[PDB]
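Each chain, written out:
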Amino acid sequence: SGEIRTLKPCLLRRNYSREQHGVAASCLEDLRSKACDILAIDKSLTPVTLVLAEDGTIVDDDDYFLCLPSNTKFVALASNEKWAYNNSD
Amino acid sequence: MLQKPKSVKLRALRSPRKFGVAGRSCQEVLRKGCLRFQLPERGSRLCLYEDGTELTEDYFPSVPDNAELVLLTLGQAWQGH
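Protein chains in written order, with this note's numbering: chain A, 1 to 89; chain B, 101 to 181.
Fair warning: there could be bad hints in the mix.
What the hints assert, rightly or not - The following label-pair restraints were derived from C-beta to C-beta distances:
| id | chain 1 | residue 1 | chain 2 | residue 2 | range |
| --- | --- | --- | --- | --- | --- |
| 1 | A | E54 | B | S125 | 21 to 31 Å |
| 2 | A | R18 | B | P116 | 16 to 26 Å |
| 3 | A | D89 | B | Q176 | 41 to 51 Å |
| 4 | A | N86 | B | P161 | 24 to 34 Å |
| 5 | B | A177 | A | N86 | 45 to 55 Å |
| 6 | B | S144 | A | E19 | 36 to 46 Å |
| 7 | B | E154 | A | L7 | 40 to 50 Å |
| 8 | B | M101 | A | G22 | 43 to 53 Å |
| 9 | A | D55 | B | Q176 | 37 to 47 Å |
| 10 | A | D55 | B | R114 | 32 to 42 Å |
| 11 | B | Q179 | A | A53 | 26 to 36 Å |
What the hints assert, rightly or not - Here are the simulated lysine-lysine pairs, DSS-like style, with alpha carbons at most 30 Å apart:
| id | chain 1 | residue 1 | chain 2 | residue 2 |
| --- | --- | --- | --- | --- |
| 12 | B | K104 | B | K132 |
| 13 | B | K106 | A | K43 |
| 14 | A | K82 | A | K8 |
| 15 | B | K104 | A | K82 |
| 16 | B | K104 | A | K43 |
| 17 | A | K34 | A | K8 |
Source of the hints: derived by calculation from the structure; they are not laboratory data. No residue lacks a Cβ here, since even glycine has one placed at the ideal position from N, Cα and C.
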C-alpha cells in the first residue's frame, strides 16, 4: 500500500506558456497542487480554474477528470483570466 | 471515484459559464453543479437547452448520453428552438 491504485497521468498547461505540460494526479484537487509545483510558476497565489481544450467547460468534479483516458489535455487560467472561449457562428 | 460515470455537461444563463461533470448518479450530478450556481427551486428552475421546458432533478428526460441543462430562473420558461 505505497503507490496509488487509480492513478491517471494527465497533461496540464499554463496561461503564460503555450507549451503543453504533464502531471500525475488521481483527483482534481490533486492535479492542481501537483500541477502547481511541477508547472514551476511564481503566480501560485492565483486561483487557477480548469477547463477543457475541446469543450472548454470547467469540471468542478473529478467525474470527467477521471472519465477521460490517461492521456488527456487540460488548461488552467492563472491570475490572467485570458481563457480560450470558442463561439459557434 | 466510481467506475461508470456518464458524460453530462451543464450550462448556466445569468453568467456565461458551463460546468462539465460526468457523474453516474443523476440527481447527484445536478445537486452538485446546480448547487454551485446557487439557485433555489421556486426562485430558480432548472431546464434543458433545446426545449428547456421542464427538468426534474430526479431523472433525465430520456437523455442519458448527455445532459446539457441550462439553469433558468425567470417568470418565463426557456425556449431555445
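Right, here's what the structure says about each hint:
1. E54(A) x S125(B): 21 to 31 Å: Once the Cβ atoms are compared, 24 Å apart, the range 21 to 31 Å for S125(B) and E54(A) holds.
2. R18(A) x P116(B): 16 to 26 Å: Cβ of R18(A) to Cβ of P116(B): about 24 Å, so the range 16 to 26 Å holds.
3. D89(A) x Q176(B): 41 to 51 Å: Violated, at about 26 Å.
4. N86(A) x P161(B): 24 to 34 Å: Holds: the Cβ-Cβ distance is about 26 Å, inside 24 to 34 Å.
5. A177(B) x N86(A): 45 to 55 Å: violated (27 Å)
6. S144(B) x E19(A): 36 to 46 Å: Between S144(B) and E19(A), where Cβ atoms are some 41 Å apart, the hint holds.
7. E154(B) x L7(A): 40 to 50 Å: holds (41 Å)
8. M101(B) x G22(A): 43 to 53 Å: violated (23 Å)
9. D55(A) x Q176(B): 37 to 47 Å: violated (28 Å)
10. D55(A) x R114(B): 32 to 42 Å: Given about 20 Å between the Cβ atoms, the range is violated.
11. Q179(B) x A53(A): 26 to 36 Å: holds (32 Å)
12. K104(B) x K132(B): holds (18 Å)
13. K106(B) x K43(A): violated (35 Å)
14. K82(A) x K8(A): The hint holds at about 27 Å.
15. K104(B) x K82(A): With Cα atoms ~34 Å apart, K104(B) and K82(A) exceed 30 Å; violated.
16. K104(B) x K43(A): This hinted pair is violated, its Cα atoms lying about 36 Å apart.
17. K34(A) x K8(A): Holds: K34(A) and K8(A) sit about 12 Å apart, inside 30 Å.
Checked against the numbered hints given earlier, the structure breaks hints 3, 5, 8, 9, 10, 13, 15 and 16 and satisfies all the rest.
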